[PDB]
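Take a look at this one chain, the form deposited in one PDB entry, written out in structure tokens.
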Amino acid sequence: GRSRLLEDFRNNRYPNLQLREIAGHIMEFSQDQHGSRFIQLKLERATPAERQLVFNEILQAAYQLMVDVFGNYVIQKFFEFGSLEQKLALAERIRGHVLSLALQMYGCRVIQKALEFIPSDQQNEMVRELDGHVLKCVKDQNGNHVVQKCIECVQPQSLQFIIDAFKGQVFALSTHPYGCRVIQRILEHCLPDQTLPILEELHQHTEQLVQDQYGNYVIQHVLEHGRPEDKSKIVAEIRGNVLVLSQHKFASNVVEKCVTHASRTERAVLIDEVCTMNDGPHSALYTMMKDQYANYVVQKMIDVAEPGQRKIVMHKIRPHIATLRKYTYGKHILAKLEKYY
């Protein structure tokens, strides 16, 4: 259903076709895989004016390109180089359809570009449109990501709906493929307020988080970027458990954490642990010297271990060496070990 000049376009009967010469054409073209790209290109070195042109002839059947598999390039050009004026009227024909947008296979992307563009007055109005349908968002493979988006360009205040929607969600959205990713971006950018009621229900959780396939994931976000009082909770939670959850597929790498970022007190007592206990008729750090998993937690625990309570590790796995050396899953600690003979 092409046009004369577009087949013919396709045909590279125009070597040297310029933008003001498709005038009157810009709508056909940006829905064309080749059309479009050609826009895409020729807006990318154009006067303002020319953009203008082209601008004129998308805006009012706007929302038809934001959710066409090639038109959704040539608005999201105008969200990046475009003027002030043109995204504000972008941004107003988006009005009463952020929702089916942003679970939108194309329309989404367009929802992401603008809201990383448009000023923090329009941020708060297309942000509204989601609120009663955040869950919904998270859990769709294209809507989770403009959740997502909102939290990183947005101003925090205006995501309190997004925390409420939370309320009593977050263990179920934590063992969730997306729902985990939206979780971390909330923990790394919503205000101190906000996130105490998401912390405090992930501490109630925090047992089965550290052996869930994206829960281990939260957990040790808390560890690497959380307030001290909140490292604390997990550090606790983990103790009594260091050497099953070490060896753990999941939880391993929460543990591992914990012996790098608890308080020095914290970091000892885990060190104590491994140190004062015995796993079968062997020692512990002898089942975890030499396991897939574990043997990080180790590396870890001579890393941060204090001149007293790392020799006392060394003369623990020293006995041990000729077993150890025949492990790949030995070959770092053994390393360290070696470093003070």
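Think of the rigid core as the biggest set of C-alphas that the two forms share within 1.5 Å after superposition. Residue numbers count along the first chain shown, from 1. What changes on going to the form deposited in another entry:
- Core-superposed comparison between the two forms: the CA of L59 stays below a 2 Å shift.
- Once the rigid core is overlaid between the two forms, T287 does not reach a Cα shift of 2 Å, moving by less than that.
Having seen the form deposited in one PDB entry, can you show the form deposited in another entry?
Partners and other molecules have been left off, which leaves just the chain.
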């Protein structure tokens, strides 16, 4: 199975083995854990002629290496450090196989690497091969990373078909383990005509989204990178619900982002909501202080409050300072207070 050269090599019989000495054996070495390492190492600093010798033996069977547990690394190295002609020739070997590779445990890494290094004409051609398979890829553990890379690297106008597929399914996808990732990449890189519809569906489903295991990240994302009009719509959904959501494992993260990224006015309103509102005998703020998640929202409020408003919070907290010590999460508020005394 293994050639004498490869076996003898794994048996450490060639401490000084050079690329040029494995002529004829590139494919075999590329598919071998140690040989693949040997080649990768040797490549970054090989001479163009050495690099070309290695290339000559992998071009024809390049696909075989792209879906290989060790070979995929040798392909990638050519995309990173090979010549322009070598990258173009590798792209040609991918033609017709993008879907198959994008779903592939190792091939998907080659697709991702290629997207980063090839000219836009080739990028665009790779993308078109996913035409009619958007959701299949977005929902695949290998493929979603490829769709993400496309969005990061490819001209946004060529990605219109991905948008088309998302239209009407933004809620479903935003609560998906992989789809929430792709939605965020879209918000970052896509055109206004493309992000708009997507933002519309996110706004329609904010209540549900802030409480979702994966959806909360998409709403947080808009709060940190979104336009003010989009942040405010989200903030308006949190208003009147500060107490309840900040007690929630997932949504409490979103109320922190609202506190942090809201306008001056919106921030003052959210903090006042829980200084004013009473949860039974005492303030909403006091219930929050004792909560496993809500105690985090309080601290964030102390962090970002205007000095004047911070004084009001500290005053709301002060009367409970000795009782806070009796509560697992209460204790944590005291730690915060030291900083401010």
